[PDB]
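*Asks:* Generate coordinates for the entire structure from the input sequences, incorporating the hints supplied.
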Amino acid sequence: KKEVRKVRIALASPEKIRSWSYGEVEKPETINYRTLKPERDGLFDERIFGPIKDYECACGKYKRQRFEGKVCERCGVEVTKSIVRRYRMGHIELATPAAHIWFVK
Amino acid sequence: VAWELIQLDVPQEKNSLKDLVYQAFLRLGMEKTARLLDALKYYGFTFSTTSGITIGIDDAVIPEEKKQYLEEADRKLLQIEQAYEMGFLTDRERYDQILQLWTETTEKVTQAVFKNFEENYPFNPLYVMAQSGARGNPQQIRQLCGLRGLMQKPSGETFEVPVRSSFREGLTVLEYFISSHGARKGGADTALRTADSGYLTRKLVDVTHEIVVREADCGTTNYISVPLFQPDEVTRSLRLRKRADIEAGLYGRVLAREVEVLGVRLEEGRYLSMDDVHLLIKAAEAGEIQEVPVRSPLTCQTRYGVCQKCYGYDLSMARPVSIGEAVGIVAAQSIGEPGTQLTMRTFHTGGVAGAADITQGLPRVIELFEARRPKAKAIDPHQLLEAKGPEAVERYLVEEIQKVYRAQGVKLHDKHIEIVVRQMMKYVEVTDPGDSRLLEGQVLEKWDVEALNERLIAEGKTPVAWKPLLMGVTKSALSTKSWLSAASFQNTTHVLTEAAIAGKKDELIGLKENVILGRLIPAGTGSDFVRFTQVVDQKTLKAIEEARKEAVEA
Amino acid sequence: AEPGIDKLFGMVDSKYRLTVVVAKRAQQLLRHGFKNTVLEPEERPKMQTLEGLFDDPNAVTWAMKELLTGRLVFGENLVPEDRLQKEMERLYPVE
Amino acid sequence: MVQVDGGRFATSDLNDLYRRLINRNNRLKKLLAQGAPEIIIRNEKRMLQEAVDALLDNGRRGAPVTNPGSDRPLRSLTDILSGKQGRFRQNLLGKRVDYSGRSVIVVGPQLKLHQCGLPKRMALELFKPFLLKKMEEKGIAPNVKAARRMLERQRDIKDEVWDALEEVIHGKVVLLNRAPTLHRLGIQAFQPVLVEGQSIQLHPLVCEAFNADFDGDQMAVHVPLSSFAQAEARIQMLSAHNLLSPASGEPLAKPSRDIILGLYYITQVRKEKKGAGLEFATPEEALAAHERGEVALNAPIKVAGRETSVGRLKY
Amino acid sequence: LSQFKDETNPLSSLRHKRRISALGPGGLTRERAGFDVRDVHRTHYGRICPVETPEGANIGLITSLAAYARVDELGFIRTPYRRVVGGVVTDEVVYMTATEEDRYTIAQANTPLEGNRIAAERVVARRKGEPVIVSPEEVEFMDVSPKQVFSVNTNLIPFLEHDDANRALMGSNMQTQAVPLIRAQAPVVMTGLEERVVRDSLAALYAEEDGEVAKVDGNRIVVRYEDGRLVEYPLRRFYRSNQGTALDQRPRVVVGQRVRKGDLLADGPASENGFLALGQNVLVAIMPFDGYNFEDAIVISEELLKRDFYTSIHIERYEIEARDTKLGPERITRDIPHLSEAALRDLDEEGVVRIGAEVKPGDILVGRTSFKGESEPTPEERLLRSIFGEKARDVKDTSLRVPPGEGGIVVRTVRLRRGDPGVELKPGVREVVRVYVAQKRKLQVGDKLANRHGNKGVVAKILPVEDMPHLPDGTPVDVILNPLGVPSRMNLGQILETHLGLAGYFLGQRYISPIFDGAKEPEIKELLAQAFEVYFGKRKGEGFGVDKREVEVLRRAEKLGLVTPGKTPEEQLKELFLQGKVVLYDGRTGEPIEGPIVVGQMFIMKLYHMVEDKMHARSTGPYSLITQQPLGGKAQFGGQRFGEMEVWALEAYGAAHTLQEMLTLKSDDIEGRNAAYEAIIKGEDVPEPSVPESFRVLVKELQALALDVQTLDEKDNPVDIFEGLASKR
Amino acid sequence: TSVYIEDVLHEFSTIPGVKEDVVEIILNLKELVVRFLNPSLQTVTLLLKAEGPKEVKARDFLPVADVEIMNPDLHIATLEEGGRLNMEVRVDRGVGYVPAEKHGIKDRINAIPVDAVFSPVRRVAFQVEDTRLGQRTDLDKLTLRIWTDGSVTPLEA
DNA sequence: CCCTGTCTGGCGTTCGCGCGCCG
RNA sequence: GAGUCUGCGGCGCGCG
DNA sequence: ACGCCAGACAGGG
Ligand SMILES: Nc1ncnc2c1ncn2[C@@H]1O[C@H](COP(=O)(O)CP(=O)(O)OP(=O)(O)O)[C@@H](O)[C@H]1O
Ligand SMILES: [Mg+2]
Ligand SMILES: [Mg+2]
Ligand SMILES: [Zn+2]
Ligand SMILES: [Zn+2]
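Chains as they are written, first to last, in the entry's author numbering: chain A, 2 to 106; chain B, 895 to 1271, 1329 to 1505; chain C, 2 to 96; chain D, 527 to 841; chain E, 391 to 1119; chain F, 54 to 210.
These are calculated hints, taken from the structure and not from any lab test.
Fair warning: there could be bad hints in the mix.
Claimed, not checked - In silico DSS-like pairs for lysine-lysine, Cα to Cα no more than 27 Å straight-line: (1) C/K87 to A/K3; (2) E/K762 to E/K786; (3) B/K1377 to C/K47; (4) B/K1432 to B/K1455; (5) D/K840 to E/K938; (6) B/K961 to B/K1002; (7) A/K82 to A/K3; (8) B/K1377 to B/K1339; (9) F/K159 to D/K684; (10) E/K786 to E/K716; (11) A/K7 to D/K610; (12) E/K930 to E/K957; (13) B/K960 to B/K1002; (14) C/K66 to C/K47; (15) F/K110 to F/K159; (16) A/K7 to E/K1105; (17) D/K797 to B/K908; (18) B/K1455 to A/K2; (19) D/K555 to A/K17; (20) C/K36 to E/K816; (21) E/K816 to A/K38; (22) A/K82 to D/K671; (23) C/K47 to D/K654; (24) B/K1455 to A/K106; (25) D/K659 to C/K36; (26) B/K1354 to B/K1377.
*Replies:* As structure tokens, then:
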């Protein structure tokens, strides 16, 4: 409930990467036409990122607020509005390191 | 009190009126002045309709002397030609001499046309609007009744042939097409000039935004002395500076020290009203004062911020500045507007000289806020700082800057340029370390902190020898303490790179950084001096005292 | 312009302080009930669809009209931050 | 990843880059596991590094392009954070107010600096919430949602609504803005006086502060929501309260072109003809003679006659 | 390079078509490179307008061509130049290349000529972009005419010779923005190309061959040519211009009429009689009123509205589509699920709106029915439905309504169903429904008008004929223009148009003053002398002489220097009339206006009312997806920008909270705005701002990049911006 | 005050066999000056119908007992052939100017209102010429000329 | 190895609003 | 006890 | 295209 009085930029530790992270996008699959739903692990999967929809999950096993903090037994979807979907971050575990061009150039 | 402040001995011009409102402002009070404003507004409008002044083609009256002056100068042109056809005048002298002939002949038809109205038609529909602060420009009226004479070629070399016509009679076929080039070159002018007015403002604001009034009379009594006389117009002859400019310098300022002049004792810290600045001028006239000690942001103590006695009077209101006011910004905005006001009105309405005026200033005011060897080395600040020192650069920049704006009609109080230029020297380089390595550019006042406790509280006098650094407004904004501010203009790319590396803790002070957050402004109602203030009713005053009285147990 | 703005400006040490005072006053004016005023009787604030401004038109319009009088008191630290809101709800009725 | 029109789908170019990186990284993992001939491993690690640049900053090293359609640099992260119409600028300048308005401006001669003419039709939208509640305090509407529906259509407004709005705006003030806001007077607060029509009546004296003139230009308008904003706006921001300019201690409420022309004309003195003697200063015969000479056609009522032209002698 | 045809008036479009550009393929020239290109070069003579260059960022790069300008074989705008062999000028012409032009010594058209013979030894000529005083013997070629120098759009300016090039530009531009008035009136004073405009443009319908008229419908005029043939000429009744202006061809020929080859049978969208017409000729008094006509601001007489003098038509094409959602096809039906029949009347035909129906803002133009949720019903809305009547058409009301602003009467309707004829229905799109609505716009305060010279201005007040300035004879003035707007600005051509116009009013005649060669001060004074007799001559015979008023104004007038002292009031008024000014009474007091005031027939046009005219005021509405800032579009206005310059403004002031509000409660504070609203609804005191989404989106955007930005406490310790969605799981 | 063309629905339509458009017609109607004789006539609907090759003038209106038409030869329309024009134009007694938008008259649902033009006076003019009375020359003489569309007379006005 | 000079490499360049088009 | 989803980037022109 | 700032490297003692 405190007042924000100081901001600070600091480099990121690989572990902090994962720290902020949720899931790893490992495939270039945006959305499959048939169903405008996230393809697989893809850049849009709801696990790695969040509930594409309001309070409802992917398949629809659990759909309201009563069980707001639990994950679906067959498919993984914890749900707040699609807002949790826009705030959560995912991570990609690179094979062999590369570097921030921000610090190199 | 109404006749005391009014001059009923002349026709009311915009200036006589301008003067009346101002007077009324100080004398009777803000809202009372507002009443007078509408009053003149109303009657001015009414009388305007009834006066029946209207333009008629015939109204634009051409002087009979026009034909003469033209012919007089015409035959003289032939002299200069014959003088050329023989081999006397060089290809150049020929040109330079022709131009001067018209430059004068035009100026001649100018005063002529007015002389006609003055003597013959006192109430010419066209003439009254120009004299009154209404509408019209001396160079403009000339193009209608007199004649607009010289329109330069695409490049810049003015044409050898003038435009013998006025707008009264048909400006001919080719004289139109030639004038047309001068219009094309202008329209472009305002575009670049409008962009550098915003440039000037962003720069001024980016360096000067943290500067805010939060204080107690800053006890550091060090100041700037405003000169009333100027050195070389004519080789060496001392002269009283122009009324307007001197007023600009000391109006509503605060004496840094007490001055006894013509008979009266101007006390220290007293805010000099325009009447007081009138006194000092009358004294210098007598020969009693050559400069004036006055509080200026140029010598304030408050590291971040300027106090009430250092700034002065002018809030939008006429009384001393109220703590928690966004001065710097006001200054920045005030320098931006004048830039954005003068280059858009000159491409839009009229000629030769004015085109040079605007284009030369905009480059100069861009080279003056940013530090670089001027085009023709005019004189370079960095070098000047090193050779003659700081206190001279500060006073040089201010005056050299007012030079262009005075020359363009704008009247901005020195206050503003000061607030800015001070920030261009809020930094210094180090030559004798203590805490961190020598070569470094850091916050001047932050050094005052180190050296202060280094010799006073903790022993071991490790003198932190610095060198005054004169950074330009731009560079100051670029490289400041907080990153938020820096992330705003220069390179977001760079700004953050550095600020990250070194975990930077942006302490929120200043309006730019704190706005980004959408947090309350550290200045204004957020101002630490009044962010906290409670109100009470004599009814709730007793009630709380009844709570303290119940504190006595058993 | 506005009623005695200069009179008001002279009553405070800084321009921006008067603004904070009026504002905070307008706030309490509404919160603890709109009858929390010090000069309602004879000549008071008024609107004209009827004379109904006596009840709840503009909050600060009152605050200014009161501060213009010498009844209220504004200081940096007049009465302890939390004890004020307590005594205020205890004495003023409208909700 | 949005549905646009007819089936068109719009996605932030970042996704294209993300794919780039994703594929390369995957393809790399597989190229290390399959078997690893030196050449092809670096060749790929190369592509990978590059890609890693793409998302963060495009253009520092070459410029990636969406396949043949638009040789446009896909807006890289760096790009999303830098510039005039950038993100850092987006925040700084706070771009879009919820209670704002903008229309054509027109002179309002009888209006006083204190007020401004604001179209009621505009005031309704602006002060909508403030009105909705006022509707319930009166009998015009049962509840908020009711009051909303009552006004969603123009033909449904009872004259009673106007009375309500006129009552809501009682002593509240609004802010006016001009095209380039150069100085603080670039915005001023006035008391809205509801008027009919589309245009906004501005006071003439302030037309100097804002560089505005009723020719094609238009001014915006905003409204102070908190009792606090209201306070400041009307105490320190009101037009009439900011009479002197921040630049010079000289007034800005100077009578303009129109007013000066009228106030001048009324105070000027006229001069006409001196053919016969102009010396009333001394003779008493000069008074009589040149008083009759004036009655005649010789001496005007305004004659160059030092002390007093016959114009003064007569009346 | 391809844009919307500017058809404010055919002239507009024609100009837009001939304006010369640099920018283009991208291969040729770019935008931040070109001070030498932008300038108007010498050879741009009769090849490129030097004025048509639009004011604004994009300038000089775009400029319509000149009058007789014509592209020869290869893009060299050749200009016409007539040959002159020795001291003899020919009626022969040579369109010359710009290169070839420098090889010769050419002279202007103003040269005195007796036919083929030059008339003055020292006469003007221009070698190569250089003014030169040549001899008749060296005059190898002469210019064709003053018009060629400029463009079409510019050649429509009366006394272009007396107006400042820069202010003339505005004039030419203004025309391109002239809106078609139901009542089209050609200018009281024209240039000479109004005819040519409408004809080379395809505004009016000309007769092919000579013949007689058979049928004159409001939809078609079937003429019968004398060759034994008869053709039916349909007239574009009411069509929608790209810019939304009306295009109607109004028949002007009666039944059975022998028509000349090339005569107007029907007038174009804005033609009076074969003449270009955008705006109308009105009597105007050039004096200052209270404050109504400000420096740029101008007045108007209610009488002008009485007779539809400044009225124009605007048609709009609203369109809606029946999309195919996987939730259920969006049906088009008269069924509007939730509240009244009163709103379903106009929607007579099942689904569509009936033609000739007056639709006001907020009415149903077309009804459509889509599905309520994304994929799931509603547990809360399920209990509401069941309580009053569970059996409720689950479908939601998504119907095309009249957006705020305005609507008029429904004139036409288009519907494309299932079995499409030869149309291209987009995918998913089941069926479309267009709804054309028209409305009559009457000249009002907001509007802006302007004369061909440059005086531009908006209407400040519609005064009743009752008290506006009126002439000795009951004829009152139409508009009052402020004098001050002409001194500083240099365009006396306008004051010259009003003087000849004055003559034309009482002499009942139109005139044509060429570009530089037109009418001259003496000739006008002459026509004015002829108008006095019509003015004052009828007055003498009708039975009365001079007023106390008329004489009083003469006194002050002689004391001014306008009338020779000692002459009769009859003779003095003449002298004063010749000056272009007449005496006028106030109309409000009946007292005269001390001092003569000029008045006359000035041609003024009405400028196109863009959607930038029709004002915008937003309370609450949409927001952007990625940024959470307010945005509108269709029906919700959209918020204003507050820019840093304005920020600074409040910053200067102690407007703290006012500044906060703007950055929080009003734009970005997601939770803030919400609570804000409710609070106000309640008449409560707005809660205290939460963090602005902009910062949040910033933070994360920055987090996207390596950088980690964290907020901190009193003591360097965390604080949380993201209320609680950052913690993991 | 209002008009009703039988087959016309909106004000922006055009009728076959009729040169003029509804807008030009309704405009010509504002020009019609009628004159009733007593208060009993507050709202009178004039009826007219003409067909074929005839020119429609104001005298074509079927005469009504207490109403008179002082604008006979006013041109209403030119019909070609198969020109069917059957309308009903309302007429009222009021004051000043009333936009068609302000009253919105609806005798028939498809009828279209028209701008009200109520002054029977087109222009007024007065002159104050000096007159001589034996003793003092300084005197005023007012003569005001009034023009009327016919509805009422200059004296009545 | 030093200081000076020269091409070199990175960024910026008004402000808000209309309309209409296009993948 | 109502709230989803669409409007993006760019281009052209026009206002002041 | 330009203008400006800041920079990193190469030439002449
Ligand atoms: N390229 C441009 N950029 C920004 N603003 C522009 C502009 N072109 C025009 N304007 C703005 O809109 C206004 C239009 O110019 P004017 O109305 O002529 C102002 P002005 O300086 O009063 O000239 P004036 O005295 O002839 O009226 C200017 O004040 C300027 O603020
Ligand atoms: Mg202007
Ligand atoms: Mg303007
Ligand atoms: Zn599931
Ligand atoms: Zn100080």
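*Asks:* Are the hints correct? Go through all of them and say.
*Replies:* Checked hints:
no. : hint               : in the structure
1   : C/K87 to A/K3      : holds (23 Å)
2   : E/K762 to E/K786   : holds (5 Å)
3   : B/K1377 to C/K47   : violated (54 Å)
4   : B/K1432 to B/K1455 : holds (9 Å)
5   : D/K840 to E/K938   : holds (24 Å)
6   : B/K961 to B/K1002  : holds (12 Å)
7   : A/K82 to A/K3      : holds (25 Å)
8   : B/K1377 to B/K1339 : holds (18 Å)
9   : F/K159 to D/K684   : holds (21 Å)
10  : E/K786 to E/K716   : holds (15 Å)
11  : A/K7 to D/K610     : holds (26 Å)
12  : E/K930 to E/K957   : holds (18 Å)
13  : B/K960 to B/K1002  : holds (9 Å)
14  : C/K66 to C/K47     : holds (11 Å)
15  : F/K110 to F/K159   : holds (25 Å)
16  : A/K7 to E/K1105    : holds (10 Å)
17  : D/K797 to B/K908   : holds (23 Å)
18  : B/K1455 to A/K2    : holds (23 Å)
19  : D/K555 to A/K17    : holds (23 Å)
20  : C/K36 to E/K816    : violated (64 Å)
21  : E/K816 to A/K38    : holds (23 Å)
22  : A/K82 to D/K671    : holds (25 Å)
23  : C/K47 to D/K654    : holds (23 Å)
24  : B/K1455 to A/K106  : holds (21 Å)
25  : D/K659 to C/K36    : holds (20 Å)
26  : B/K1354 to B/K1377 : holds (24 Å)
Consistency note: the structure conflicts with the earlier hints numbered 3 and 20.
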